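A single chain comes next, written as structure tokens; it is the form solved without uridine-5'-diphosphate-glucose.
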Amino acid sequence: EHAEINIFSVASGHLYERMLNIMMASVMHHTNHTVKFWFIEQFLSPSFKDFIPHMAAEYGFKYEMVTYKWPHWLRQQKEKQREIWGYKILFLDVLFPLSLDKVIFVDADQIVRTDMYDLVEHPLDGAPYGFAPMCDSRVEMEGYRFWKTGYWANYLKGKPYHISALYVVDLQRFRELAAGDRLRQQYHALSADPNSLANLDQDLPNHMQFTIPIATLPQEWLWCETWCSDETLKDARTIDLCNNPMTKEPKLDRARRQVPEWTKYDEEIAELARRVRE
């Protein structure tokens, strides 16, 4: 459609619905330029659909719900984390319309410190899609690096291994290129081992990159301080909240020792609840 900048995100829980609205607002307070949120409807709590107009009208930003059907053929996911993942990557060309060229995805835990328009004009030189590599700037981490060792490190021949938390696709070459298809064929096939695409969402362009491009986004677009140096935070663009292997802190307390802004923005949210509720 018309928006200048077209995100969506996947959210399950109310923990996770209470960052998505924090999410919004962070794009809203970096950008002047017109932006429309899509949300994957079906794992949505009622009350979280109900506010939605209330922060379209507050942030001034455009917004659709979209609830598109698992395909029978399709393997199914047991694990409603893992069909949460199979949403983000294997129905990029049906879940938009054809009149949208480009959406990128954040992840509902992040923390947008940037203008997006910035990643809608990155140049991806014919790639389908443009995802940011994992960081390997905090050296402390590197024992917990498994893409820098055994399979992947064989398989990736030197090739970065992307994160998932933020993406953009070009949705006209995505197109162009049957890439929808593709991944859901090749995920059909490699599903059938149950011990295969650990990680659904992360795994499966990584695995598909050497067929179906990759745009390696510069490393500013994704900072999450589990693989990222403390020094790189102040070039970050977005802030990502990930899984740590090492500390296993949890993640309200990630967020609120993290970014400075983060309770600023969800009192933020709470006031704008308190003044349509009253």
Second form
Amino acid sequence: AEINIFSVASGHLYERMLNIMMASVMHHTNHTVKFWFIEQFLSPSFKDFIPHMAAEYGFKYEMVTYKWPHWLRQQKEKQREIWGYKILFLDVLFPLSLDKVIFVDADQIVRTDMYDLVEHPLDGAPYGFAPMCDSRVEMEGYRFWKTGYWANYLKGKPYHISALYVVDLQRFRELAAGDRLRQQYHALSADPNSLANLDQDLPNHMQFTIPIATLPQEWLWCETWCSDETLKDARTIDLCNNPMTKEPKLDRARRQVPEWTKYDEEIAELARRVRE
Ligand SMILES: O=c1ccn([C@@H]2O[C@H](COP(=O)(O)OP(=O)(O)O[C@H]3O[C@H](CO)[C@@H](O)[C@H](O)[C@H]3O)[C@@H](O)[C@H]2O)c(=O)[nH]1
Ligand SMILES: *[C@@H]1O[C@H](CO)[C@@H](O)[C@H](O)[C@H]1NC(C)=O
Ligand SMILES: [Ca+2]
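Given the form solved without uridine-5'-diphosphate-glucose above, I would also like to look at the protein as it appears in the form solved in complex with uridine-5'-diphosphate-glucose.
Full complex below, order starting with the chain above.
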């Protein structure tokens, strides 16, 4: 397909949002789309419904089942294992014939033609991530990356959010990025205090040697970090956790994104159509 997106979802709530993410992508593009799923975390009901979504929204899809290598340090916490699947196996999850894939979070709402990210220049980087917003000034106390360890490590480089990222698989394979990320993760994870945010900390840690193309800030907006004024420019939205309010996930979705209920109700209408 012209646009290839992968995502990971574990739980009924994240599968419900994953269907919404997919409908939002297809409402904003006429280019061909293929969705790739990390199979082992999904429910039987989701896997049964995905051909119905595919036929209604007009996309292709594929399930990838990749076993965690025995040598590689395992993660006992399911959340951390799922983070490992986002970042450690980018060279082995997809076929050698696929040249590019984008990770889009299951809780995202897309408001752009995702082919614009496929066409974005990476200047030789094997992947691109958006930076964490600095625009919501009242949240500065929670930007852990602006002081301590990260401020000294980064030397003014951005601390990137891992909700969305484009992977040029040809370049990623040319650089042996997959083998190098697995080895650094294995060494660093011997310390259980390292890589607190595994999927996010690992590429940010490796960005002096596995380059990151810093994407336009508009590629990823999250209310927690980003101003209300920049929402209108946002290409995609992440429903990231707000450590100050601790607002529930579905409340954030309905309150922030006016079209969320429309996609949710449309997918539920498709489900009642297939059921009868
Ligand atoms: O498929 C999923 C994803 C998350 N959770 C749980 O939901 C809670 C909160 O996680 P989540 O909704 O993923 O937090 P976000 O704030 O959305 O996550 C942000 O920060 C994470 C790194 O900390 C990145 O992986 C995400 O892409 C980014 O959106 C945790 O208990 C997770 O285990 C699930 O049950 N299933
Ligand atoms: C898809 O094609 C139709 C053709 O009339 C056009 O109106 C619509 O804007 C196109 N959408 C995108 C995202 O290109
Ligand atoms: Ca998220």
